[PDB]
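A single protein chain has been omitted; all remaining protein chains appear in their positions.
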Amino acid sequence: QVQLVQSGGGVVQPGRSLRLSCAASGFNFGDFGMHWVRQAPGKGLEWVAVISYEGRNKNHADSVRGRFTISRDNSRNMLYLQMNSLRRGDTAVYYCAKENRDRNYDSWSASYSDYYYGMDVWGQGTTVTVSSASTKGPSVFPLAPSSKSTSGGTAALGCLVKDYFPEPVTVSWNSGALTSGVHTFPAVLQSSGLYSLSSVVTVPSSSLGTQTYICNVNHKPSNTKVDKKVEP
Amino acid sequence: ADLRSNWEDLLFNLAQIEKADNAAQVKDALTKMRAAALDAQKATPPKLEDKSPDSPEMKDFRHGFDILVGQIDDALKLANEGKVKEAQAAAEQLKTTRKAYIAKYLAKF
Partner (left out) sequence: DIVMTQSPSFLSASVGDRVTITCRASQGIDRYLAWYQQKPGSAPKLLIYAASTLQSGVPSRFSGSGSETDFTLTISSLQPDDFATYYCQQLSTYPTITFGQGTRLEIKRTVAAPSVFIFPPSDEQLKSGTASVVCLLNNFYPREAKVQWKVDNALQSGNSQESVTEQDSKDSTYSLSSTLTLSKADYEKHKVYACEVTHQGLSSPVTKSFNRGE
């Protein structure tokens, strides 16, 4: 199986450094150029760097040149991205990717077969978060079913999961049993450097007196669990 | 050197020339292109192994590298005179020359 398995990454503070790794298997690693590509939260793909089959020639995007260094070790089927002087703008998922060879060509034929034909095999991605924030568990406040959270037939209620770092949190409602009509929103990064999100559910006006609704929040990076029940 | 390594020296060093902001970078890149071109000129590309050295294709292959080296040397002389942007402009034709004179001889067989 032709495949790339990435490792490394995580939370790192600004100005410090990190090394990403990408282990290749199932093909002749040292016959192909290799690339790094990144994707910031909510944005498009951005090309980062490339290295020749041999490791002798390389190139980096203007936005990382002088700080990031691509390298490879063919005898261990390993591709590396050394990232120094990290900036908050480097927060992204990073993908390694193998250069595609045009299918009419079994072996290298310069520009007829290589370089110009995209990237066919991609790693699964590594998240890098550049932040000065420290690990903090969330605060969980209710979004109580008001008389203005009304439809005359269905009520809406939720939980506000405020001020945590890093991603992710997990939200359930009464421990897995309520799953219809649930909306947990993507977290937003506050100017504080901490995230926050809301989870909501719409329920019949019938059940505001006959069934209990608790949201179970879990933030594993802080080992904090909160089960906060939501009623008028 | 391997023919692929020499080919890739001409490809990757053009980017180093285009992004340079001082003469040293341009001359370093042009100097590597020159050595790659002279080394590849000595090689027998795989599609030409059936051919005599006096065949039109072998002569065409060898002399296409002469065109490239001549153009590399014109850019190099400007870079040695500290004319970075003139040297960068003169280096733009190297890709045209590489495609028009050399590429076809690297097809497999």
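All chains are identified by letter, namely A and B, in their written order; residue positions are counted from 1 within each chain.
As a convention for this text, a contact is a pair of C-beta atoms (placed from the backbone, for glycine too) under 8 Å apart; a residue touches a chain by one contact, two chains touch by 3 or more.
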Out of A:30, A:55 or A:142, only one touches the absent chain, namely A:142
Among listed residues A:29, A:68 or A:95, the absent chain is touched only by A:95
Where A:183, A:225 or A:229 are the choices, the one touching the absent chain is A:183
Residues of chain B touching the missing chain are 11-12, 15, 18
Missing-chain contacts on chain A, rising order, are 35, 37, 44-47, 50, 57-59, 61-62, 95, 100, 102-103, 115-120, 122-125, 139, 141-144, 146, 148-151, 156, 158, 160, 162, 183, 185-188, 190, 196-198, 200, 202
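Keep in mind that, in the parts below, only the chains that are shown with their structure count from here on.
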Expressed in whole Å, how far the mean CA point of chain A lies from that of chain B is 42
Within their complex, chain A touches chain B through residues 52-54, 56-59, 62, 65, 105-113, 115
In the complex, chain B touches chain A at residues 2, 4-5, 7-9, 11-13, 15-16, 19, 99, 103, 106-108
